[PDB]
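J.: Kindly produce the complete structure, drawing on both the sequences and the hints.
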Amino acid sequence: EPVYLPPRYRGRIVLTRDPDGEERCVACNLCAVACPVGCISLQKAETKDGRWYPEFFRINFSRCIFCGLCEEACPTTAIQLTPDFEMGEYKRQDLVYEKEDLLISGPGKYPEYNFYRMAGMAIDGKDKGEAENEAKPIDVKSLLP
Amino acid sequence: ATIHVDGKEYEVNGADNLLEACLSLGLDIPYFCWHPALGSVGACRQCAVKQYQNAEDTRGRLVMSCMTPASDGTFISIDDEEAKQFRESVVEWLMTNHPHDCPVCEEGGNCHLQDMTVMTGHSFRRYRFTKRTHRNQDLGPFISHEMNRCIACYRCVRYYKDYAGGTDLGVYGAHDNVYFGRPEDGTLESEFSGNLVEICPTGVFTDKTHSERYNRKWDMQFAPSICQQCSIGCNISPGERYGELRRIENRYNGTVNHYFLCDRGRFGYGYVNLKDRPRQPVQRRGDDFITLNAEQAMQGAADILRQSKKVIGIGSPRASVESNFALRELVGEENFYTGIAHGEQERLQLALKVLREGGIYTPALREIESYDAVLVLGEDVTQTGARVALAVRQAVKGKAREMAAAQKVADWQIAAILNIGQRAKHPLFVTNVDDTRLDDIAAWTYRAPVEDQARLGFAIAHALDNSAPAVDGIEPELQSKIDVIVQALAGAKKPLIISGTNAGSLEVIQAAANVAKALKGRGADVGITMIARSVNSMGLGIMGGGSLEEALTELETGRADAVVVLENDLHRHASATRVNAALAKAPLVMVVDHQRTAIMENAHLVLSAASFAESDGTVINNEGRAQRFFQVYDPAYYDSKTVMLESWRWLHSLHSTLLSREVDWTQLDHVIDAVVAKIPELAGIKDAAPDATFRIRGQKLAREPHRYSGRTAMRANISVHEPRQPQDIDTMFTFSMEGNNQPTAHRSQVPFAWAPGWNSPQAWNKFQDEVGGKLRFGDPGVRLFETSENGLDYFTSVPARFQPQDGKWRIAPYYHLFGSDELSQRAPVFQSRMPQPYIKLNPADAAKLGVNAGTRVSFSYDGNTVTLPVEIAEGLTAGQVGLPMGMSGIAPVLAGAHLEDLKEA
Amino acid sequence: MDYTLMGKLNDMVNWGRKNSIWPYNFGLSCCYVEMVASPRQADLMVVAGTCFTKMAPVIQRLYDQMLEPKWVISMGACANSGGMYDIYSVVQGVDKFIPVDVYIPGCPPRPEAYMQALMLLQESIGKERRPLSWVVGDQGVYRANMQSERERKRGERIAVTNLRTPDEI
Amino acid sequence: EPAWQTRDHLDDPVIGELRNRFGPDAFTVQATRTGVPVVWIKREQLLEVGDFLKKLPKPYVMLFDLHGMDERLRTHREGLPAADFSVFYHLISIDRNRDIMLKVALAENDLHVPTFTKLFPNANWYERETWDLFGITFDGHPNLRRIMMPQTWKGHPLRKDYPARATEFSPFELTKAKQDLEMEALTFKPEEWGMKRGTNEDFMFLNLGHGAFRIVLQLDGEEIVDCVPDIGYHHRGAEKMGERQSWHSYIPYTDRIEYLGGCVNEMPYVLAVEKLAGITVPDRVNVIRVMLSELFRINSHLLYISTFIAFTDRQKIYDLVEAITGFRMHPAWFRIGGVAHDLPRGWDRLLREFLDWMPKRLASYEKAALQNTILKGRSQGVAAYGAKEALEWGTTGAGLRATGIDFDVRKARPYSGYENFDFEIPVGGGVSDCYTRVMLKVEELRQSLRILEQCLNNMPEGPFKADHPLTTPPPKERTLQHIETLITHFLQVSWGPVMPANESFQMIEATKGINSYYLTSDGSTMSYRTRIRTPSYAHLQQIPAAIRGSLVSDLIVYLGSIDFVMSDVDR
Ligand code: SF4
Ligand code: SF4
Ligand code: SF4
Ligand code: SF4
Ligand code: SF4
Ligand code: SF4
Ligand code: FES
Ligand SMILES: [Ca+2]
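Protein chains in written order, with the deposited numbering: chain I, 36 to 180; chain G, 4 to 908; chain B, 1 to 5, 39 to 69, 88 to 220; chain C, 12 to 210, 212 to 221, 228 to 327, 339 to 600.
One should not assume that every hint holds.
[Stated by the list, open to error] In silico DSS-like pairs for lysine-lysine, Cα to Cα no more than 30 Å straight-line: (1) I:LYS176 <-> B:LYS51; (2) G:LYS312 <-> G:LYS278; (3) C:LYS405 <-> C:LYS417; (4) C:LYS440 <-> C:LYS417; (5) G:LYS769 <-> C:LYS171; (6) I:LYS144 <-> C:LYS345; (7) G:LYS134 <-> G:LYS523; (8) I:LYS134 <-> B:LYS147; (9) I:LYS83 <-> G:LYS777; (10) G:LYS134 <-> I:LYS171; (11) B:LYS51 <-> B:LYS147.
[Unchecked claim] Each pair of labels, with its calculated beta carbon distance range: (12) B:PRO56 <-> C:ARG407: 44 to 50 Å; (13) B:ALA210 <-> C:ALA196: 44 to 50 Å; (14) G:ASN296 <-> C:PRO161: 52 to 58 Å; (15) I:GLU36 <-> C:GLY375: 46 to 52 Å; (16) I:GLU36 <-> C:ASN449: 40 to 46 Å; (17) B:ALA210 <-> G:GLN834: 56 to 62 Å; (18) G:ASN867 <-> I:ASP55: 56 to 62 Å; (19) G:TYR641 <-> I:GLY160: 44 to 50 Å.
In case anyone wonders, no lab produced these hints; they're calculated from the structure.
For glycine and all other residues, C-beta sits at the position ideal for the given N, C-alpha and C.
T.: This is the structure in structure tokens:
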């Protein structure tokens, strides 16, 4: 029979997407520095509109102890530990998961959060002042006192 | 003075404010608007302490520690509950409008606002309303602008305007909509605009070049290095990640470059990351290029060197002292030639003779800011030695400092000082072939050919002291301005004479020496500064050797049938046709270089040398200061087949393989001991930094921060097995975080500043004895020579005035901070900031030529006809033609040469 | 498919070896007490724990006492790579000194992860060619370069969209 | 005046007694957050002070701990004597219910201390480990050999100039160590182990194979004359990792010490970090931590009783812990200032189903234990010691209470709101054999189920993380919404939380005795020193003194009766 795993179960790690379908990871490297094993490695790239994303992203699962500190440290909820434990491999080199092996097609355990809806940095589709709890930019040449 | 902080008695300087005094004692007070170099203004209101009237006072009063003098019998409390509450409140008010941007902010992990938010203890938001937002500006290729993150602390405008003297950055608007930026979109014009990325305590101004390949500060591998982009030798912290050089941070040196770099040294590091660099030894066999490892490259090179009759070595002022000495040992002292031209070498050795025999003390870069009058002769200081231009600006503001000190206004109260000294400033007299960037604060600017600048210098020396040779034919108005200069220089307590080899005239240097000698004869506390051209120009001058012309003569006559070229492209010091013919005549050309130069097509062997990021070595300042630079990273850590060794390592092993037919990859301290044994005038470089056996209580010095990430994944795509940590036998530094970087450690080489609670560039306060002073156990570096007991004689070779002769055109050198240097102009981010190739002409000469502004003229130099578009220069003199030195096709050796057949294409 | 250094009986031998596997469970550390025969009789060695420097020789000797054919399964991040103990007294992976056939990530892996490793090892044994006798034919072991498990399961893993939120049991 | 306030404990009567006996200038009293009077003694007065404390009217009878510290890189050493190294001695008085920490300062060129093996015999292994890891010699020690590292080890790994990380592997040294392990029986020299009378010549030396470790046995036929247990085969360098992880990211390593414990091993570390941080946690945090520690204690006790004589009870506990934390064995779920998440919706249903199903299993276990005459003949009377033997050897937990000494940490020195729970402490007669220890563990299982019932029945409503600014990490919804919380989270998960410079200490009742974390902060984001006292160390050292004159099967039964694991011994 299939094994029952609770929703909090710390298993295989994925990178998730936002409700708009774009990857949540802003390549802020907080997961890599919070990893006590140091088995996360990534690099920041930027789109033409200024959106931060990971150029690559790799996890050494042969080193990973599945402690969940990266998911706890993620401020966009991109990286998540999912309830799945079937990860046995023939070669240890195949236990290094690149971004194509981690980026799922959905939001994972957090179905709605979008960090770029809260950030003040302007990306495509969110100009200045269009994020949450943000006023429109008042021009410094305005007539109003 | 005596202060009591929280009941603890401290002894401080009574001329300081309480913020700098308490930061010097290791006490933590949050602050934003104060800078050690910019002074106190009291804007941000963050540094509040509670002052009491006496010991038996309980109610107190909140005072601002940066605007309060640390007088005797002072009673303050930092850890008072009301003071702590108000500091948290100030952080909270700043946090009300701050964007939720830390994961997508380049300042994160390096942010002073992050540090002070954590330090005040504010982590709970009770503000529910909207945040103000701002549009961003385009500030050019180097600085990225994000006005949302601003906390309105006014540090940027205070630095850029009051300190750096720039004019295109300001504060606009009012109550809570204050905006810090340019009046319109465009490139920031100041040569010191890069220091905004460390002055700004938030992420408003960030390194765009680093933002292209961003990594957080804890992920960097840092090393203490010396900037290689001119002769001033500013201390830097280059930091790498994944095998490429990522950032140049400033490294504090209380003697040289304290808080600030220039834009060339900060943003022209990108030649290290070029993908066409030599990464492996390559031997030319027919048309084939065979890649070798280190051993067989050394064997083949040694066999070819042993079968040849004479081997000559052409060094460079780019290469370190150790590399040039290793080449000198490999080829022999009499066969070693400096890679610079004869005229450049003559000017360089005259500058060295003036420095270490003229009996006039040459100041450090920090000490330039205390001189009472400045005369700059021929040297475009802003474009060739830019940090000297910044220090000159501070020395010019010294007059307002003295006026404010006369009214008992404290030295940190910068607004009162700038108010008292409104436009009064110390006398500055610059000379150039055209306008400079110091003309805004210059008391006088002289635009003249180099002969006339030298004649003005000789006339100033003659008027100061009649024993100096007299100048005939001085016009009455020029004599009146010479008398103005003489009255300003004679009355100064501390005059400073700045010149250099970039003006292209021996007589300019002689005139500067004459003015300095005349001022010293009157008992004045005169100092002299010489600006060399490259990072190790004075080291190559001290080492000595023949000129490049002699080496080419040896190659052309056939007396030398093997040439080893070290870190030299040979086209910036000689004509390209002659160099190409001479190297094509030789049956062995071996180029030991780290950049793909044009002479590698003729080369029979190319040794992939290491740049300053991948190597250790010593370089000599323009003031004669020996400074060690350490390797940042191992080039072979990620690419296992990369054979990219130090130049001195290559040459020492080549010498060992020539002598005893075995390779010998030596250690750096062995080469340094060889230098200080064979060359006694370079014996100071032994004390530039301690040896590889130096330990802080038994442990090496760490190159990377203690929270370094990705240890078991940064190379996992190459192999899942973790390689051995790279071994550094050369230096006291380790290629890991298993080491010491404590601020209280007894060392002088600090790879990067970090303290617990201070993750920003404000962490340097912990590594200093007093804030804004020196490092706690002294600055790194050592002067090679002291001031001589006896001076020189007066140089009596006074040139005649410039005669504009028909057909000839005297090439006036124009220097650009972005473009004149070779390696930095190879960096791809500089092509946006580079000027277009424009040949400068007088309106009279261009009208005679029938040429307007913008049309392209063709001129032939050394049998090579090239075409450039004409820019009209009003400040130029007739018979001169302006050329940008160091650019594509225009060698800096053309400075002072004549031109033929300048006609419209 | 490629391999790494008359036919039906080879499949018969492989089926016999595949269905009959006798483990030697090396204790070592806490992966053993998660997952719960002399080495001469056992043909599978399960390294479940940290390879300490003081008992790397013990593991090497008890591996050398086993007889061919022999397979190694490494459970847990410690035996995989050293795990979280990148420290002076810990060997960074048991594949530094013995050859490992199946690796399981986890700290510790579940017992069902060990069952999945047993199935992977069984497929690996079933798809390999070994000498039938030591007097006839090539005396070389032909390991098969099998398709990796993370590339085989890539489609269904990438296709995952929504998971249960962590606020419930 | 909170519990975490820095105190000097000058009102302690031990300070007045030491001042009246040795003079006021004989020692330096240090203000700490250890909760203990810390005094610095001259090295030449150390045995005198120890003998004076051994003979007080309510004497200090137990040496709880003894180890070293490298003080060379410690910058915030204000009010402290000049030391390059130091040796600390934690001594516990049970009648007084107090404890003291003596500290001896040592220069780098003179690293030797007089030995305490004439006062406290557990100082044997403590001083051997201090020599092995710091290089400090103890003069008068019977056999000062390495206990954690192999005898052919270069350097002392807990020194500050010794690199923490793993060096390059070598098959060269591996085959040397293999070849000396093959020739060890041939070249066994019985004074490289502290033995005597080696081959009488009727005596035989063997090696024996809860973790894997060797014990050298000296036999008169089948009677044990002497034995030395060879440990260090499970040494992970956890204390060195304490010096190389941030305060937050060291928590999984605290889990992997005493791997059957989980949250029980998590608890004293976060309690000592919160003492360093000046954090008082709310009541919901206290009850969550107590509930998880009691669940894991029940799991460990069930495993111990099943081993000594099952799978369903531990499976139910593992599903409950897996639902709460996401993991069974090493939850990594306690945080500085609170817990990682809130309790999931449905935790109470699982706990109620576990508590309604457990008492019949407990009745079955009591039937299988106290009514088993074969077990009651096999177990009692063998490897038995009284109160005096247990005190002098640092025995804690079930053995100490089985000697009749009523000392539990949860009652004498309460932590995490254990005084709010009504539970009993089982104490036996005067004899600590296998049988009495097993029944004490059964009674503690019953009391832990009582504590779990009280955790379920009145569970507080409130926060699962403290309001303190040093709570690592801050609550995740405020982190994802508020910029100052995002800043605090950013700097607390990357550089790490900054603990101000102090020394803290927390002892708890672990599943196998008293586990303590002694943390020294140098004001940075990592621990300057992490000292972990584990009870299995002190229990394993008592093995030679308890089976002098028993048989090898009796030694096997004694090994089964002691609750220990090798990760706890070696850490
Ligand atoms: S679960 Fe833990 S060990 Fe694994 S990648 Fe995340 S932080 Fe690293
Ligand atoms: S913490 Fe999250 S957003 Fe930041 S780099 Fe890691 S996965 Fe990406
Ligand atoms: S400026 Fe500092 S506090 Fe503001 S978003 Fe950037 S890192 Fe965060
Ligand atoms: S842009 Fe930066 S330096 Fe300028 S006022 Fe704003 S926060 Fe201060
Ligand atoms: S002034 Fe010269 S040495 Fe200093 S940063 Fe600029 S280029 Fe480098
Ligand atoms: S991988 Fe984890 S569970 Fe397994 S032995 Fe290592 S620490 Fe224990
Ligand atoms: S630092 Fe003093 S008010 Fe800003
Ligand atoms: Ca080197």
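J.: Of the numbered hints stated earlier in the document, which are not met by this structure?
T.: 1, 2, 7, 9, 12, 13, 14, 15, 17, 19
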